[PDB]
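Below you will find one chain, with nothing else, as structure tokens; this is the form deposited in one PDB entry, and questions on how it binds or moves follow later.
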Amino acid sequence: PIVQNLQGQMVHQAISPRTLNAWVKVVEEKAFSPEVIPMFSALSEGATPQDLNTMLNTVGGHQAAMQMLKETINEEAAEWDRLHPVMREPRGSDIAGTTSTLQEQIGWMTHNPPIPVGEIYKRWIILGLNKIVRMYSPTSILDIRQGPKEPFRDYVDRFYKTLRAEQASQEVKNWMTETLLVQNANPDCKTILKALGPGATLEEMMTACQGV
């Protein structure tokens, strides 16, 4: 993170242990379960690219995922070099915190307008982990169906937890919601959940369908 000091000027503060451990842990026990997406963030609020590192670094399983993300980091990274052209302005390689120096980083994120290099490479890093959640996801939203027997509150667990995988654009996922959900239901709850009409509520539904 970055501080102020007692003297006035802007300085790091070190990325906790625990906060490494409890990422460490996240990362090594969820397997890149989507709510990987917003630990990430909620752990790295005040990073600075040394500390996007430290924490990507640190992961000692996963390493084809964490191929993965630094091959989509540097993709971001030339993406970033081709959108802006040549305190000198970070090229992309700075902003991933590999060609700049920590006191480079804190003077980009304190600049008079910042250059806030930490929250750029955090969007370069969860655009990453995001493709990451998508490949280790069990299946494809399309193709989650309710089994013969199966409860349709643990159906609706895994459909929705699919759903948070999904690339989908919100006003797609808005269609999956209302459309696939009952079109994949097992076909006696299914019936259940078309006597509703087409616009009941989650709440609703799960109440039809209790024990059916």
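Residue numbers count along the first chain shown, from 1. Compared with the form deposited in another entry:
- The listed residues are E76, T139, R164, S41, and the one at the hinge between rigid parts moving between the two forms turns out to be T139.
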Contents of the next structure:
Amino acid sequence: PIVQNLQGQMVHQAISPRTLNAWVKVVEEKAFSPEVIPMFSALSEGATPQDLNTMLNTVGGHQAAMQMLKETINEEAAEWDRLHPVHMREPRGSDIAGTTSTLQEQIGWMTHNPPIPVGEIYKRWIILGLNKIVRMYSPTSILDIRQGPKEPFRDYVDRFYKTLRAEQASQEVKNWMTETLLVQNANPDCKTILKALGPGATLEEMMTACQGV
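Take the protein just shown as the form deposited in one PDB entry and give its structure as the form deposited in another entry.
Shown below: the chain alone.
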């Protein structure tokens, strides 16, 4: 992170040891279940690119996942260099990625007016790679999720949304999936309740109708 020093000038604060341990727990124990993206996004709040690379040094070891992450970062760095050609110096994609930039360059950019938020930029490329990894480690297609013959509708909704949260689908597809597939893949008793609501039903109406089904 970045902290105002005793002289009032902004200075680096290293990402604290037990924060990195909380990220190591998230990488090692949750096996890229979709909550890894929220927890990465949270633990890296205000992280400089040096801090973000300090976190990715423990995605290393998951060498298949790390490869997908590195190539996604490189792909986005090239796309940055394409969208923003050459005119502190303005950061190139490798400067955003914290490989070629100095720490003082990173903090300078993040503390500029207007800010050049290279940390919270690079964090988007990393989150996009983590989305690819969460897809790879997903156990099921959304089309495989069906309600158990005695499964509570809440628990099926959780299985469904947890899977949907991993999918590649655009929001327009996720809307269609929510309405059609959540109804379609319910068990026949609960499906009968859901069908009676008609196509415009909110998830609130669906679940409140199916309490104790």
